[PDB]
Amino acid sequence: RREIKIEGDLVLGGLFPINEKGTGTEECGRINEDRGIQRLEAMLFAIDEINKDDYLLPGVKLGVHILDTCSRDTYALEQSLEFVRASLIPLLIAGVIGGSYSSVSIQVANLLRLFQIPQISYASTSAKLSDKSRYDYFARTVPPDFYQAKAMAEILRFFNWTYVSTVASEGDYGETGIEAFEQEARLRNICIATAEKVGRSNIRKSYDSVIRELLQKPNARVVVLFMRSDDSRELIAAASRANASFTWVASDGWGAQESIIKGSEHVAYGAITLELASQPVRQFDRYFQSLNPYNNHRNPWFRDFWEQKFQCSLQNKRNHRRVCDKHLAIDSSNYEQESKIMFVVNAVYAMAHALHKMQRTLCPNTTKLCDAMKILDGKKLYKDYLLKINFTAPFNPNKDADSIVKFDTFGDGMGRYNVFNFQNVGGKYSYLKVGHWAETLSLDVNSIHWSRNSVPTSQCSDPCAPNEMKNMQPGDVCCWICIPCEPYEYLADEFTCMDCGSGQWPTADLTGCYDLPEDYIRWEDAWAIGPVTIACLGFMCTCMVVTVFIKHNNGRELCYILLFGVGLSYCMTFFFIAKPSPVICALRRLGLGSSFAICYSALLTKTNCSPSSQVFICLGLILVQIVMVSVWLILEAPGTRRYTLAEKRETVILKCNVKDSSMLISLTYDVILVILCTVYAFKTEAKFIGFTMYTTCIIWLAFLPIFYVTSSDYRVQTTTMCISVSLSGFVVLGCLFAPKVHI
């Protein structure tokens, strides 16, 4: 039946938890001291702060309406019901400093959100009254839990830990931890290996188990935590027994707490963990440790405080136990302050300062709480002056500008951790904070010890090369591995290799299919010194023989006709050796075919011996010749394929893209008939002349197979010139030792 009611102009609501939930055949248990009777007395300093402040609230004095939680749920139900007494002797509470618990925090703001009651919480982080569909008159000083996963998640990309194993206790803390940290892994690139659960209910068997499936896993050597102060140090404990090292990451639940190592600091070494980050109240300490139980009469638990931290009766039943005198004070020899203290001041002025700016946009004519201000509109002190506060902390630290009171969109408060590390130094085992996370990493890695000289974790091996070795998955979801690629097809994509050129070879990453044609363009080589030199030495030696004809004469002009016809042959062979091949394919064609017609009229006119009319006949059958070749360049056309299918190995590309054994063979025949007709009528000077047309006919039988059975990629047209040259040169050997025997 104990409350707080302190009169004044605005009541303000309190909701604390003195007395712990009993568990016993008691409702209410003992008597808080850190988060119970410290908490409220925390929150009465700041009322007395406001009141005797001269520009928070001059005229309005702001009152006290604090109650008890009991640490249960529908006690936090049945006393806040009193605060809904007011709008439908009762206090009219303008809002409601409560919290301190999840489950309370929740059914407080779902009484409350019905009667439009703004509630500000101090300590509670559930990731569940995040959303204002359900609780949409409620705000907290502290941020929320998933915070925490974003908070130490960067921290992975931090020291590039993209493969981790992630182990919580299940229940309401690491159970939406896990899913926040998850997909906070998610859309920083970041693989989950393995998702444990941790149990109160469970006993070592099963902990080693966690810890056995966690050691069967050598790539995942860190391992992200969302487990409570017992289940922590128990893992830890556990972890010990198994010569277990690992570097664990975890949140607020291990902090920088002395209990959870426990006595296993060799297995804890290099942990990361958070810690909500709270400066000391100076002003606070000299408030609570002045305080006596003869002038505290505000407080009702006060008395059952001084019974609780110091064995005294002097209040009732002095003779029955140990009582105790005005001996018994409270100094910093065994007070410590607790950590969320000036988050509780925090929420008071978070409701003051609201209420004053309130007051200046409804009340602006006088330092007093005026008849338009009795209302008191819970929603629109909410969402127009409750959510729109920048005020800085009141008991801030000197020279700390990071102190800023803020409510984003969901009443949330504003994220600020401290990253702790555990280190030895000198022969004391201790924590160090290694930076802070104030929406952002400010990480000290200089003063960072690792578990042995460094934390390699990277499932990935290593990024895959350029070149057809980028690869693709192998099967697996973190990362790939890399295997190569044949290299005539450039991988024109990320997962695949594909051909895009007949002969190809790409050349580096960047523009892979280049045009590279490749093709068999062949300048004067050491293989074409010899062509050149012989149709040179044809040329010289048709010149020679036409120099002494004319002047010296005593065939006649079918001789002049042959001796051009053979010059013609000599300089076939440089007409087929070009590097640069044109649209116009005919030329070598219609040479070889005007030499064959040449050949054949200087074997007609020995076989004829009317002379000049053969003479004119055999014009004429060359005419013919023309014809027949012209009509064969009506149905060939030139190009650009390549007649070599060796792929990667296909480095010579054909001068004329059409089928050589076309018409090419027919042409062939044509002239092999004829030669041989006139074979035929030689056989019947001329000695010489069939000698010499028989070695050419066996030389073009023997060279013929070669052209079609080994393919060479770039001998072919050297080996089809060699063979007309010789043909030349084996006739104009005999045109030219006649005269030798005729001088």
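Numbering follows the first chain given and starts at 1. Here the rigid core means the biggest group of C-alpha atoms that line up within 1.5 Å when the two forms are laid on top of each other. What changes on going to the form deposited in another entry:
- Comparing the two forms between the two forms on the rigid core, the single residue of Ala438, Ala578, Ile404, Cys370 with a CA shift of 2 Å or greater is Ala578.
- With the core held fixed, the Cα of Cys599 is displaced between the two forms by 2 Å or more.
- A movement of the C-alpha atom of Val627 reaching 2 angstroms or beyond is seen between the two forms when the two forms are aligned on their rigid core.
- Core-superposed comparison between the two forms: CA of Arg228 displaced by less than 2 Å.
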Given for the second form:
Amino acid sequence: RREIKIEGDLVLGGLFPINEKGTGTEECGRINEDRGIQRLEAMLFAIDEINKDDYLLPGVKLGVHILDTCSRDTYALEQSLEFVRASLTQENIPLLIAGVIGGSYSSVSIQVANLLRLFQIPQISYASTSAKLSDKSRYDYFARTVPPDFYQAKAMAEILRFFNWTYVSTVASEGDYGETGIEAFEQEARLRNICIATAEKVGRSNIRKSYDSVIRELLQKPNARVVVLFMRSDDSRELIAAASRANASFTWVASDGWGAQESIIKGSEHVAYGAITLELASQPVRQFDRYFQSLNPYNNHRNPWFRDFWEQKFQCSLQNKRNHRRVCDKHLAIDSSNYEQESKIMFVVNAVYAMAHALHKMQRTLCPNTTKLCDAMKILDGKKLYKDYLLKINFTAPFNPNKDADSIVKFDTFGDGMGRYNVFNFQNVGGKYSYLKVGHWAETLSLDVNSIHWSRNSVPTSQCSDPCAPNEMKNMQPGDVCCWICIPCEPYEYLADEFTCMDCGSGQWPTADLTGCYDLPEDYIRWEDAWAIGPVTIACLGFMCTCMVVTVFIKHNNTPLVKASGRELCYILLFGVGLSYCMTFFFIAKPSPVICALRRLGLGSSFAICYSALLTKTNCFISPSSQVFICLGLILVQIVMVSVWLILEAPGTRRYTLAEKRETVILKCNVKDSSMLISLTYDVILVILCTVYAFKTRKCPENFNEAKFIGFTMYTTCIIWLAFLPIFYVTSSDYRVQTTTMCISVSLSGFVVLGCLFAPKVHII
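Could the form deposited in another entry be shown next, to go alongside the form deposited in one PDB entry?
So it's only the chain below, everything else dropped.
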């Protein structure tokens, strides 16, 4: 095998993916030019700079023991045993390893950390961004200068919150990065109250139908235009191509898998327009560029992989031993034309310098007053080096003289690098499509909306609904929990919850949304109204007229001594008329209290008295007195079973109506109106039947007035009964039926009193 074993006072390990992984007999094949050679040369350049430095380890020379990984877990684990073989109690003398600058793959880093935690060897990764490595309970000697993968799920979640994008669609990829990202973003969205519409999953099969199905599923939702992507490069390219083929238009918010790469927008620049992508913040190193551009196979002997890298890059052979390749030109060199700096060279340099600074602080603290390798540092305890010195570093980037505030290299409590990302917006210029940096996320959000294209006119993506005021506007949840429809409820219903309108009260309006559950004030209480004062005055005038007639009859009762019982009949008729007149004034009571039962009793007593008076005249000294006594007993019995009607329910139960707005009811006199009308109509028809027989009967000329009066009263009673019942039977008005009934009653009382008092009026005059 090949390795770098430069000696020194302190030796730092190294793990790089110099060879690409393979299958079959060849465990690992092609040389990885970008992630395996450039990073290795960057680490070597950083080590040389530290050795040449006068302020960082001036008396200590840093050696390197750099191995390969072949981009696989097993071979890296096999070589990691050489880092721990030197710490065990002549062909190949091992070198004590202070720390391992290794990584570049999440699985490789995980396996190496698992192996190294048992031997107390600190490890600093330069490219591994897996969230599993943040668990210090399993990797307690691991650190990294790159932020983990769930910082993007926070950065672009904040980006979504900035533009009020709450109901978005999320697309992930099969594996570990895509998953960990998608659950991290879901957690951040639920923390920020951002709804997720659909969650699609994309595998590595690259099926031509799965991508179209995903595009169709995303498209069948016109109220979710912002799409969040946690996908790898080729999967994202295939999804974008499928969207272009389906003629879709979305607002892609992607992760570092897209970034500012060009291979994804090839041939599909239309749908991808306006996409916002995150890219890890990284700055070029000019010193590394100068160091790398001055490397030749004849002067670089420390690197055993440089010959293979040169042959693979230039497709030539230095020693063409009958091979099918050209001879490498002696003037061949690498320049900016065919070489571009890798994005994590500065991260590798930062990791190496962090290890060097930790060692320098340990050397200064343990043994001062000298600059050399001390006896106390011979044991080289890894726990004290990592938990005390390595995790408490604070220094600026060695090769960044321009920026000093955003170039601080330090690890947090979990041993992870600071999360700095660049926001890129895919825009056009007028025929040229390119990415533009429109923001930056380093623990804070900062964008430039003016320079953003296709999102300056931000796409409206509300939470599947709009804010509706609680004014009787019920929110019913569809199958999607985040969606709302804001369907109204009935205006009379008063809102009490969110998922239902929860009507309160039968006939009561609300006030704003909830407080209107109190009883609605009834409009039945209307005293001294237009149709109330007039009937009161009419009843008072009728009562005064009846009283005057009674007084006149009393005065005119001395000389006409023949009417021994006629005076009593006139007195009882006047008493009944007065009782009826007082009963009319009882119904106009605006409050309508429980005394309406007493009003019913008085009306029944008046009707019974009128019937008895009519019967007594039709029938006609001791015998008239007996007849009057019998009539009085009959009236008492009539009152008795009239009061029997009240032995069931005097006030009632409740009085409602179809209208839910007024509800103008007495609320205390809700007795059976049909039963009351049936009981009232029976007396009228009985009186009519009793009086019709007397009218046909021939009476004496002296007593013809009684027959004529009975005949006149019989006609009025039938008309009153026929008029009263139909109006209240069906309409059941609040007060129109009551005033008409009172008017009919007072008119009948006036008619009967005039009929029975016409003769005394003529006699008096």
